[PDB]
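Partial complex: the chains shown occupy the same locations as in the complete assembly.
Every chain is named by a letter (A and B) in the order it is written, and numbering of its residues begins at 1.
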Amino acid sequence: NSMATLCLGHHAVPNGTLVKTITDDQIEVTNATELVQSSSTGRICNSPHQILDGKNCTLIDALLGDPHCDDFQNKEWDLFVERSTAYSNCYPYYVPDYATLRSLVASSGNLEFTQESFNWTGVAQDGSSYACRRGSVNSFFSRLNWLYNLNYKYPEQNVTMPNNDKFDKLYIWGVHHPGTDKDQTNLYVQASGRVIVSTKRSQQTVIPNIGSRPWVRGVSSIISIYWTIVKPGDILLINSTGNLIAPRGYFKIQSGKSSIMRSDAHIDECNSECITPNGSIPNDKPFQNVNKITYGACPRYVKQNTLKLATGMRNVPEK
Amino acid sequence: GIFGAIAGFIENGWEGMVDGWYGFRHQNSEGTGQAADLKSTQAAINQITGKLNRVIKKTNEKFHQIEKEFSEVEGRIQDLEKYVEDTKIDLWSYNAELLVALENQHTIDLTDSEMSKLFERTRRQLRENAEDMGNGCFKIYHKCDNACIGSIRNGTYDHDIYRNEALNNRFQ
């Protein structure tokens, strides 16, 4: 010859993948990586977040002190997990802003309770019921105090409780709506009257309303549930003619990174920073298609189930 | 591609090249050989790894948020909670779809670049001792044993040594 020939080229592969670009929406490159997490194991990992399985207990039931929720006293969590099998097994209750209370308690992230003695005078304390048995024995919500007549007298109550500590106190109280006029008098002797719970910034008034409610667990009555926050240097102040389901103390209002989630996924011993109701998912990808409900360092939820990012050149095979 | 080399004037790739992304293939009287080019292969990988690292990372760490499923008809406030989350999901789904399209368009275009860059780097080395055949191959107009083709891949090829022989064979 006295001649040589030098050819330049690029590599190719047999398998290849399709990705989308600005111009084509299916074009073949040598290699791509998935950007959308679309699968979970089905199990929540109990590290590195304090997970608290509520089992048969709702966060509201545990807050009030339902007897079968006794194991949740003074408990704290990063993520509280409510199960669809949860039930209530105490006195019938109702919460006007149930979602708000559930939210603020979940965000606070603990049930650490501090006892307080309020000084009720002239009334019987520690009322119980056939519908809230702690051992076939009658009892009540562990964190509420049912006030009723004492030797067939019920004097009007006036009570203060100052917040001299340095944080915010959360009080949970209630009002009793008996089913019959005669049940009203056998309990509080007087006809229905008011409950006025106030602070220097909050103002709440409940008027008991006697009436037949749906029979639940042996009774046709219902308790309404209300909440009050007391700032430092402020004062909680209760004035009630009767029908008062009194608080036994206060919860601490922390403010952290805790929340609540509805799931039935089992809890393993594993490690992943992201939690979804469908279980834990890895966060090595920037997007996910598992669930829009997430907690932790999670990929961002998107509608696509696959987004292939090209990690190689165009694949042009041979003939 | 915008540079016209991959799926362009290179008619196809080499499934037989496994030690690199871009490379060489030659023929002497000594026989034929093949060798990858480390420099251009590295340049393309480092860019793609770099963009891959930009894409896959924190932060989206959220903790207590709004409720997104509802067992009850509630009306006004629940409509708003649903609308906020639906708005957020559409916007990110758009951001994700557009990001991949731009990145993949640029990934394809920068790999075409490095192929074209290796070709021009080689054309400048050979000066007047070789001619572009148009298909990615050069025609070298002087006997080149395995030593000098390895001095081209190497960047040590000195063209003044073969200029006399090459110019004669080109011009008749």
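The criterion applied here is as follows: contacts are C-beta pairs under 8 Å (C-beta built on N, C-alpha and C of every residue); 3 or more make two chains touch, one makes a residue touch a chain.
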Q | Total chain copies in the file, per protein type | A | A x3, B x3
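Everything below uses one rule, namely that only the chains that are shown with their structure count from here on.
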Q. Distance from the CA centroid of chain A to that of chain B, rounded to the nearest Å?
A. 51
Q. Inside the complex, what are the residues of chain B that reach chain A?
A. 1, 6-7, 10-15, 17-18, 20-29, 36, 44, 48, 52, 55-65, 67-69, 85, 89-90, 92-93, 96-97, 100-105, 107-108, 111-112, 115, 118-119, 122, 130, 133, 135-144, 149, 152, 165, 169
Q | In the complex, chain A residues that touch chain B | A | 1-14, 19-23, 27, 29, 33, 35-36, 99, 103, 106-107, 257-260, 262, 273, 283-287, 292-304, 307-319
